[PDB]
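**Student:** Residues per chain are reported as follows:
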Amino acid sequence: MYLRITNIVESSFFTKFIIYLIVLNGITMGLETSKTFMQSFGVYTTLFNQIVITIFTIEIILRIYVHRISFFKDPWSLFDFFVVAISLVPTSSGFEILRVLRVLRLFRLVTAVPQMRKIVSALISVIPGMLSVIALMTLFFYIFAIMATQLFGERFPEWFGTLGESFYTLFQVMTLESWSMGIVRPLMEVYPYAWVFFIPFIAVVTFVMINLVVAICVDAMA
Amino acid sequence: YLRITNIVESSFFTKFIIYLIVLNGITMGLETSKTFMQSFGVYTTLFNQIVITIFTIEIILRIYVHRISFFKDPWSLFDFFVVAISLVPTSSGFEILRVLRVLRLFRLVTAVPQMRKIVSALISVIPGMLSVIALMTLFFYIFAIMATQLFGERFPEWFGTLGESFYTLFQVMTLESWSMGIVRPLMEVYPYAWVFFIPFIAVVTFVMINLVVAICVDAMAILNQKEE
Amino acid sequence: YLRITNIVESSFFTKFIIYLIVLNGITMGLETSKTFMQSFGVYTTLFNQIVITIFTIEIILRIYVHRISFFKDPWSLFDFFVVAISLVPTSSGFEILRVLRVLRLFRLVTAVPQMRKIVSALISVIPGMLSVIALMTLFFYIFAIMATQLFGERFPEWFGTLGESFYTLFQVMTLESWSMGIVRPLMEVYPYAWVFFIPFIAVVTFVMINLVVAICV
Amino acid sequence: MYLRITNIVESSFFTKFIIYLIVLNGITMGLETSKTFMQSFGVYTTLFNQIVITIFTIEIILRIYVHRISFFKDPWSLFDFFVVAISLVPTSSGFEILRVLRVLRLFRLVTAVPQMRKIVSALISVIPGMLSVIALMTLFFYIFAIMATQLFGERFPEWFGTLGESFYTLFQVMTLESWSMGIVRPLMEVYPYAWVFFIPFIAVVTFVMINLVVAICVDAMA
Numbered sequence: 001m002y003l004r005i006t007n008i009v010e011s012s013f014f015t016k017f018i019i020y021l022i023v024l025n026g027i028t029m030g031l032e033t034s035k036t037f038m039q040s041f042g043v044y045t046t047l048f049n050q051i052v053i054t055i056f057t058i059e060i061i062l063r064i065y066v067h068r069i070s071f072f073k074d075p076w077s078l079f080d081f082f083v084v085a086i087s088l089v090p091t092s093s094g095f096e097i098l099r100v101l102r103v104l105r106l107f108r109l110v111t112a113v114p115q116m117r118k119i120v121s122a123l124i125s126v127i128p129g130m131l132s133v134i135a136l137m138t139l140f141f142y143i144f145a146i147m148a149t150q151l152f153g154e155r156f157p158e159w160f161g162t163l164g165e166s167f168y169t170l171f172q173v174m175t176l177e178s179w180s181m182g183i184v185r186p187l188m189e190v191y192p193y194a195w196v197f198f199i200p201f202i203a204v205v206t207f208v209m210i211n212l213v214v215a216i217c218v219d220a221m222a
Numbered sequence: 002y003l004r005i006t007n008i009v010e011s012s013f014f015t016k017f018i019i020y021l022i023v024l025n026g027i028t029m030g031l032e033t034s035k036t037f038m039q040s041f042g043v044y045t046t047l048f049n050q051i052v053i054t055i056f057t058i059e060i061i062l063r064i065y066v067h068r069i070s071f072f073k074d075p076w077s078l079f080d081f082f083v084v085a086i087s088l089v090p091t092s093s094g095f096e097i098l099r100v101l102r103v104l105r106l107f108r109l110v111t112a113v114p115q116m117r118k119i120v121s122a123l124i125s126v127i128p129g130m131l132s133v134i135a136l137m138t139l140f141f142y143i144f145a146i147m148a149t150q151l152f153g154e155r156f157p158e159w160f161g162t163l164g165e166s167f168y169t170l171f172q173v174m175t176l177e178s179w180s181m182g183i184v185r186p187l188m189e190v191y192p193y194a195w196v197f198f199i200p201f202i203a204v205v206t207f208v209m210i211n212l213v214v215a216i217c218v219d220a221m222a223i224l225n226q227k228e229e
Numbered sequence: 002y003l004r005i006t007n008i009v010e011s012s013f014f015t016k017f018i019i020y021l022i023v024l025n026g027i028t029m030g031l032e033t034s035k036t037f038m039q040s041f042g043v044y045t046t047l048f049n050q051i052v053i054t055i056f057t058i059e060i061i062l063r064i065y066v067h068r069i070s071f072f073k074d075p076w077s078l079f080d081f082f083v084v085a086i087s088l089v090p091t092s093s094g095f096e097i098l099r100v101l102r103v104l105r106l107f108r109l110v111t112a113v114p115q116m117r118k119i120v121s122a123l124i125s126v127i128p129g130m131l132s133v134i135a136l137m138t139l140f141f142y143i144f145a146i147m148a149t150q151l152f153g154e155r156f157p158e159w160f161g162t163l164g165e166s167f168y169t170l171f172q173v174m175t176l177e178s179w180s181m182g183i184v185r186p187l188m189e190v191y192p193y194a195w196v197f198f199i200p201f202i203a204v205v206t207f208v209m210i211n212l213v214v215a216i217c218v
Numbered sequence: 001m002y003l004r005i006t007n008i009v010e011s012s013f014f015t016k017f018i019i020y021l022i023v024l025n026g027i028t029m030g031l032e033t034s035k036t037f038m039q040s041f042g043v044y045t046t047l048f049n050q051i052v053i054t055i056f057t058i059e060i061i062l063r064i065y066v067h068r069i070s071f072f073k074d075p076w077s078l079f080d081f082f083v084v085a086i087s088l089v090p091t092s093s094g095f096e097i098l099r100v101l102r103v104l105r106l107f108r109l110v111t112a113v114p115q116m117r118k119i120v121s122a123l124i125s126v127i128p129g130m131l132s133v134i135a136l137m138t139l140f141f142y143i144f145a146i147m148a149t150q151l152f153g154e155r156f157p158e159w160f161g162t163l164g165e166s167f168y169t170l171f172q173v174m175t176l177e178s179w180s181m182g183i184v185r186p187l188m189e190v191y192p193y194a195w196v197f198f199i200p201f202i203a204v205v206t207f208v209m210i211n212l213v214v215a216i217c218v219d220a221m222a
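Residue numbers (full-length UniProt numbering), protein chains in the order written: chain Y, 1 to 222; chain F, 2 to 229; chain S, 2 to 218; chain L, 1 to 222.
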């Protein structure tokens, strides 16, 4: 029987069936969006949900006993378990968030489907080349998120009144979203020297933000 | 068969079509003026039908000359569409179609070869990218849903529907007013809204960035492979 | 003839001009100060005319020394233009030419070699793009019209004119307030307005993407 | 004794120990932000700082004589020295600004740690290729900041009423933040041709700022 389950899991029909449950449940999860729906067919789908998660457990379990240790060294299956375990967390009570994170089980179409897996892994293999820069940037923010707070948090509490609020406000300034009209120009009505903080921050941040990309294109071309 | 062809294949023919386009092209940008469309309003409302009726004739003549080859040529199909588009009667129907006639000024992109190359050069990029647009389309969809069932209750205008979440997420992707316009107000009710939109902005920007780093490497691989 | 030529082509000539350039360059940024233009207002409107007075000789020296080479040289044609601009009388006429005088600080791009190349290095890039500036320009034109006759009725400042559409389309291209400022209000009247502006933004940027990759290549 | 002290500095324990205080002072700098803290163990921490900076000074002192003039031809140590010397400047009176500039000594976590230096020096090695264009950019701005002042400072003082404020507003337009809705559209209600000024500026400047990236990608690919 050891092998009876093996031929099930590795069969193309098995993969076909999982993907079918995905694309179907993918649709129907976006239908519990409609209020009209969750009245006419509302009872219908919370159960169909309970159905699909039940099958995936079997499938994810079938994958377990068939692959033994092969299952738990492959990110896609570890993700499958979590993204199933998430939806395995009870519907009732608990926290409302887990009632929502079930939708992550539609990234299982990135698992169950091979062509996406490559696009994904192609992008992630690129990540490590950046980590030397991402770290500095985080320190850089940290050294700046701190200064902003004790420079501007006094009269501008919402934006800089907290290291957390400064980190948010600094990220937004990095994104350049309303940084001047919304944040800096108001700031200067009180501290006319604010442009010495945020202009250098912006230049440094954008400059460094660029090199990261060339650092990527340089890697592949070299 | 050959009597019409030498007319059709003449350099004068290609020269002649382009003339009608820019003619209608200019004049379509002249039917814009209110001053214009009364004194010469009647004058010009005809010239359109003139240009397209000839275009129809042009579109009519061109078919039999190339036979099935006409409907295997992408460039001609748009001429056909935007001639067919412009052929549809003015009255009733939908107001939208009086405007899609103006697409027949992208028919100035068809008859000219120099345009054909630039365009397909841009489009030849699509298939290598298509794998990523798909992943992105999924990514949005999995998030447009969550926003709807997280924020649409108290923020209907932005997230009250999968459609409005899809919009609001696209706008956040473009980074236009994501924080001051959407997240900061969102955080006034869900002080944890930034845990949704900050990662999305990163992931989405992450992906968008790689798409170009996948293209520029694709081309600096032609010149690092011919170099052998 | 060569007596002036050996003067004109001398490095001291180049050095002295650049000195005059940087000099008048500074002084233009002081006609900005209100404090300045009263106490030292007389001082500088003349020094302006002074520096502009010298520049005529230099361009004339450059002319006869370079003969026709001067009027086939963009740098000399440009230098000449920005002197001719500054040659227009200070009083009356149009105030713009008293202001366009400041363009004579791009004459620091001529007399200085490193600038000449950086500028020309940037411009040699242009011809490969003109194929796209054209198609985009057409792309705008075919859309700016449609914007006018769809939204210009109820939204006049933004789309009420082919001209106002071009401006509003440039802004949407840059993505500045494109959604909050333009589309979301537009949608209050035409709930399908997003089918216009998303492809425009997509196509426009996708094109603006390719222009850059084409440059690194 | 000359060499007796020298072997201390390069010891595995020595380098490790400074980085220790850096992250320590690095951490502790981010707690003087919270008001809750500055009472129970706030006093605890006002003291802990003076310890760290005193050691940081000593550390910087040892490095000098051991390296002799070699300390003052090395940018990395001079920053440590400066960013510690900064922290040596008296607390009382003066300007509040210096209570904030202490935190830059957590960029001493970029010095005291070797692995960052390369990524950093890679970014700085990029700078010279831009200076040819960075200058022209600066040239371009100045010629325009003047025009804006003497075109728009009349009715729009906040934005262009001074060469300095025009320079500010021009950078803001360069970043494209609210350039149309925030500045140009209001400008056009009084100067309906203002768009002939800012569209080319935006075009050329963007024309240029992108060339900077080529100038980066080209030069760094050599």
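Derived from the structure by calculation, the hints contain no laboratory data. In this text, a Cβ means the ideal position worked out from N, Cα and C, and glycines have one as well. It is possible that part of the hints are untrue.
[Claimed, not checked] If you anchor each label on the Cβ, the simulated ranges turn out as follows:
hint, chain 1, residue 1, chain 2, residue 2, range
1, L, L131, S, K35, 29 to 39 Å
2, F, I127, L, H67, 53 to 63 Å
3, F, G94, Y, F82, 49 to 59 Å
4, Y, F82, L, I134, 40 to 50 Å
5, S, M188, F, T206, 23 to 33 Å
[Claimed, not checked] Straight-line alpha carbon distances no greater than 16 Å define the calculated EDC-like cross-link-like pairs of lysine to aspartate or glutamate that follow:
hint, chain 1, residue 1, chain 2, residue 2
6, Y, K35, F, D219
7, F, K118, F, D74
8, L, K16, L, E59
9, F, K35, S, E59
10, F, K35, S, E165
11, Y, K35, F, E154
12, S, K35, L, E165
13, S, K16, S, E59
14, L, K35, Y, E154
15, L, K35, Y, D74
16, Y, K118, Y, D74
17, S, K35, L, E154
**Student:** Each of the hints needs a verdict: does it hold here or not?
**Tutor:** Status of each hint after checking the structure:
1. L131(L) / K35(S): 29 to 39 Å: holds, 34 Å
2. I127(F) / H67(L): 53 to 63 Å: holds, 59 Å
3. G94(F) / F82(Y): 49 to 59 Å: Cβ of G94(F) to Cβ of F82(Y): about 53 Å, so the range 49 to 59 Å holds.
4. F82(Y) / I134(L): 40 to 50 Å: 48 Å Cβ-Cβ, so the 40 to 50 Å window holds.
5. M188(S) / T206(F): 23 to 33 Å: holds, 26 Å
6. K35(Y) / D219(F): violated, 47 Å
7. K118(F) / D74(F): holds, 14 Å
8. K16(L) / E59(L): Holds. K16(L) to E59(L) sits at ~12 Å (cutoff 16 Å).
9. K35(F) / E59(S): violated, 53 Å
10. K35(F) / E165(S): holds, 15 Å
11. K35(Y) / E154(F): Holds - the C-alpha atoms of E154(F) and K35(Y) are around 11 Å apart, at most 16 Å.
12. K35(S) / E165(L): holds, 14 Å
13. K16(S) / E59(S): Holds, at about 12 Å.
14. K35(L) / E154(Y): With a Cα-Cα distance of about 12 Å, the restraint between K35(L) and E154(Y) holds, given a limit of 16 Å.
15. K35(L) / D74(Y): Not satisfied, since the Cα-Cα distance of roughly 46 Å exceeds 16 Å.
16. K118(Y) / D74(Y): Distance of about 14 Å is within 16 Å: holds.
17. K35(S) / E154(L): Satisfied, since the Cα-Cα distance of roughly 11 Å is no more than 16 Å.
Violated hints for the displayed structure, listed by number in ascending order: 6, 9 and 15.
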